[PDB]
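Chain by chain, the residues:
4 protein chains.
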Amino acid sequence: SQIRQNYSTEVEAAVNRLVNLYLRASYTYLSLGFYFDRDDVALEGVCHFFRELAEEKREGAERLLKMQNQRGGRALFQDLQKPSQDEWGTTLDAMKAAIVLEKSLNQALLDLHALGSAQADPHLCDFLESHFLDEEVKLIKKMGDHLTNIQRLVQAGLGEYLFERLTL
Amino acid sequence: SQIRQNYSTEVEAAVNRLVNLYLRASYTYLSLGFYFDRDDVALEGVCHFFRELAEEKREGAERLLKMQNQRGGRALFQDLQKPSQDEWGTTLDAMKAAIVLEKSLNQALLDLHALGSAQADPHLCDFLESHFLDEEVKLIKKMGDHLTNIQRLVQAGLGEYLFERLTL
Amino acid sequence: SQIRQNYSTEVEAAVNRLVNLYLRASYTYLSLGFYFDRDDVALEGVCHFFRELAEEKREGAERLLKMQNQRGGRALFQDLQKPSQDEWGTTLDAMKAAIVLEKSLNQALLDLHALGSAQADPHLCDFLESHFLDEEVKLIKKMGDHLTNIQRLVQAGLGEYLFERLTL
Amino acid sequence: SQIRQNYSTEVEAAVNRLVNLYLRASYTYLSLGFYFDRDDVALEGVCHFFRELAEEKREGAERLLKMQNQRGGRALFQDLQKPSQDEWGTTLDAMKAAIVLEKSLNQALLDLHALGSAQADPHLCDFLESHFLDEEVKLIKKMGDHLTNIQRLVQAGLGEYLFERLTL
Ligand SMILES: CC(C)c1ccccc1O
Ligand SMILES: CC(C)c1ccccc1O
Numbered sequence: 003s004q005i006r007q008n009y010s011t012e013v014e015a016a017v018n019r020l021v022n023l024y025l026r027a028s029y030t031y032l033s034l035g036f037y038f039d040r041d042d043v044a045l046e047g048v049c050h051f052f053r054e055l056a057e058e059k060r061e062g063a064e065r066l067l068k069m070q071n072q073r074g075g076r077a078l079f080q081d082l083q084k085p086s087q088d089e090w091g092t093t094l095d096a097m098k099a100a101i102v103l104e105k106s107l108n109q110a111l112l113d114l115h116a117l118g119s120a121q122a123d124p125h126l127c128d129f130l131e132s133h134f135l136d137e138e139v140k141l142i143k144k145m146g147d148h149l150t151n152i153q154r155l156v159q160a161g162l163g164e165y166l167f168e169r170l171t172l
Numbered sequence: 003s004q005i006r007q008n009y010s011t012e013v014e015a016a017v018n019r020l021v022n023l024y025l026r027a028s029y030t031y032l033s034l035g036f037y038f039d040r041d042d043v044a045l046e047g048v049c050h051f052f053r054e055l056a057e058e059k060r061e062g063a064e065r066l067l068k069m070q071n072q073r074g075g076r077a078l079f080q081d082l083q084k085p086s087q088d089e090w091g092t093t094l095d096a097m098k099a100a101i102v103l104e105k106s107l108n109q110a111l112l113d114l115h116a117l118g119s120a121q122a123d124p125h126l127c128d129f130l131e132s133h134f135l136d137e138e139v140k141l142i143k144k145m146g147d148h149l150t151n152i153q154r155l156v159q160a161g162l163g164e165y166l167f168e169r170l171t172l
Numbered sequence: 003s004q005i006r007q008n009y010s011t012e013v014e015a016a017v018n019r020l021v022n023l024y025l026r027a028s029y030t031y032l033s034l035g036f037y038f039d040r041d042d043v044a045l046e047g048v049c050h051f052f053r054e055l056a057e058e059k060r061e062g063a064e065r066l067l068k069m070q071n072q073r074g075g076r077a078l079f080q081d082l083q084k085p086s087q088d089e090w091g092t093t094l095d096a097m098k099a100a101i102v103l104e105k106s107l108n109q110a111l112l113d114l115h116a117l118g119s120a121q122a123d124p125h126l127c128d129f130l131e132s133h134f135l136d137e138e139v140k141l142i143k144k145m146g147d148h149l150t151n152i153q154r155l156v159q160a161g162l163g164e165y166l167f168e169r170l171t172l
Numbered sequence: 003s004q005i006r007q008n009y010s011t012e013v014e015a016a017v018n019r020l021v022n023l024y025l026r027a028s029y030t031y032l033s034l035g036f037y038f039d040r041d042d043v044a045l046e047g048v049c050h051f052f053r054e055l056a057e058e059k060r061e062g063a064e065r066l067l068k069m070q071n072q073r074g075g076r077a078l079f080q081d082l083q084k085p086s087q088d089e090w091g092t093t094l095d096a097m098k099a100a101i102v103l104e105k106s107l108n109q110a111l112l113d114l115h116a117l118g119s120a121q122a123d124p125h126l127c128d129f130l131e132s133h134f135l136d137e138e139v140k141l142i143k144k145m146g147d148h149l150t151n152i153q154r155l156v159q160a161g162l163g164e165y166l167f168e169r170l171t172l
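Residue numbers (UniProt numbering), protein chains in the order written: chain A, 3 to 156, 159 to 172; chain C, 3 to 156, 159 to 172; chain G, 3 to 156, 159 to 172; chain D, 3 to 156, 159 to 172.
What the hints contain is simulated information worked out from the structure, not anything from laboratory work. Keep in mind that a hint or two might mislead.
Copies of one chain are not kept apart here, so a pair can be met inside one copy or by any two copies together.
Said to hold, decoys possible - Straight-line alpha carbon distances no greater than 25 Å define the calculated PhoX-like cross-link-like pairs of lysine-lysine that follow:
(1) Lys68 x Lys140
(2) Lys68 x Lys98
(3) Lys68 x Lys105
(4) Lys68 x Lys143
(5) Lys144 x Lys68
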């Protein structure tokens, strides 16, 4: 690329992999959202929580793709693997799966940051710090807070209803 | 001091001690606030309740220091002892500790008022009555009300969640 | 902690130490502020300057404590040592002591940043850069500017009055 | 009086004496104000400072007289002695004389409060605390602050001009 400068092939590939991870996460959240919209699950606050996260993860992927082009790298897309479950159990189960997912995304961000540091790519490092790393820490703290409240509420049906009504 | 009039060395020293007590109380409330912000505690209403009290106690100390200077006394600061606990247990435990703390502050105010009366210092007496004594009585009544509601709510997890959601 | 990820015990402890340093600095500024409010000192602009700094340092400590919880670390508080002086001398003396204090806080921030870099903790590194490092550089530049103006003004009483009236 | 209740002849007389003291103080401040308005003195800020105090002391006297009537006592007026000086010297001299005057008024208030306490007259005690004692403490602190600034400014002519321009 005529514009490419200080942008390694290793980072370019890792960015494409991270796009795939963010799109997969968006897909997982889409599935979580619609599961909580089932008439036999019917927790609207939980559905809304996960639909908003599907939106956030898609936006993350789009920001990465914008950055790939800004740097002169080439976006390459792969299949998006279907989510790991078809049914997501209770709100507690779902929130546990969400924190597992976010910790994996965070680890991928940290790995990419390490790669950028190793490659002396400060634009990449700053981009991640500015748009992704703090967003992830805040979201994981919020999920942990939710998990703690859900756990203290387990008369499990009553507790699940109250959390959806009064927290979400 | 060129302005000092009817202001005993005994009152001046007791005011400095009371500043220290109010700052210690602010510090204790700071610790309480952040404990309830822990991801494994996660009671935001409780965190907010104690953070607002940390602010109130600091403001109290500052008012005392302003008064010390208005009277021509000299502020003298001492170390602030760390709070008595590192972890504060349940909301019930915390509210019990808060009422113990406020009763101690109130007793110190009453002791200082008695000293002012003994020293025939009506400005001091009025200052305490106007800015501190009623504030303390109101706060202790509110804490007692909270303690009673928390106690009636002990399915203890459920009760702790509902109090934070519906009262705080 | 269920949320803790890439957050070393070394950083967690250093953050707690830095909270203590920021709270100690707030306390020092509280003492400076009230000294300049003494009827026999009576430099209101100087009092206001240091009271605003006491507020800034407390806010810094609170931001650190918020971050400690976001990362899944545990806040631990220690005694707050009383300020190093009971009386602070002239505005020049006070401003010299303030720059010494800020340079110490800045060094602690730089030490913690180095630790974060060594531990490959980019969230910590970014947090400090974003909220603390530039704030410190700006404040130290402002103090240095003030020190230079105070020094050029030493008829020392006249100079002290004019600085408080026309700069602060 | 048909309305008089718990109001001793001793307090009634002391209130009349205190009215006289407040009116005398107003007169003294009137003289101070106009001295600083002399073409060969010409310190407008100082003139304004003392004219506002003449107003405050007259208002104090009127509040006392209103209270005397509310309690069923009988106002009795005496001659108002002319102020102690015809010419008031420098701003420093004047501010020294003003603090002497206010300390005397404050002592009279404290004496009357003691008398009210001895006579078990809480309405009197509260009236003084609410309308006079804190006003006096604040005014004496302000005068002490002014005296300190005037003293640090003594090139005495230059210092007198700057204080009037930049403080008053
Ligand atoms: C003394 C001030 C700075 C303080 C210390 C600790 C906790 C809260 C405070 O306001
Ligand atoms: C007593 C009133 C009329 C009075 C006299 C002298 C100076 C000021 C005053 O308000």
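To see whether the hints hold, each was checked on the structure:
Taking identical chains as interchangeable, the C-alpha atoms of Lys68 and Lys140 lie at most 25 Å apart whether they share a chain (23 Å) or sit on different chains (11 Å). In this assembly of identical chains, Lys68 and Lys98 lie within 25 Å of each other by CA distance solely across copies; the values are 23 Å between and 31 Å within a copy. Within a single copy, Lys68 and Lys105 get their C-alpha atoms as close as 24 Å, and across copies as close as 20 Å, so both meet the 25 Å cut-off. For the identical chains of this complex, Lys68 and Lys143 are inter-copy neighbours only, at 11 Å across copies versus 28 Å inside a copy, given an alpha-carbon limit of 25 Å.
When the C-alpha separation of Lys144 and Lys68 is checked against a cutoff of 25 Å, the pair qualifies only between copies, where the shortest distance is 13 Å, while the shortest distance within a copy is 28 Å.
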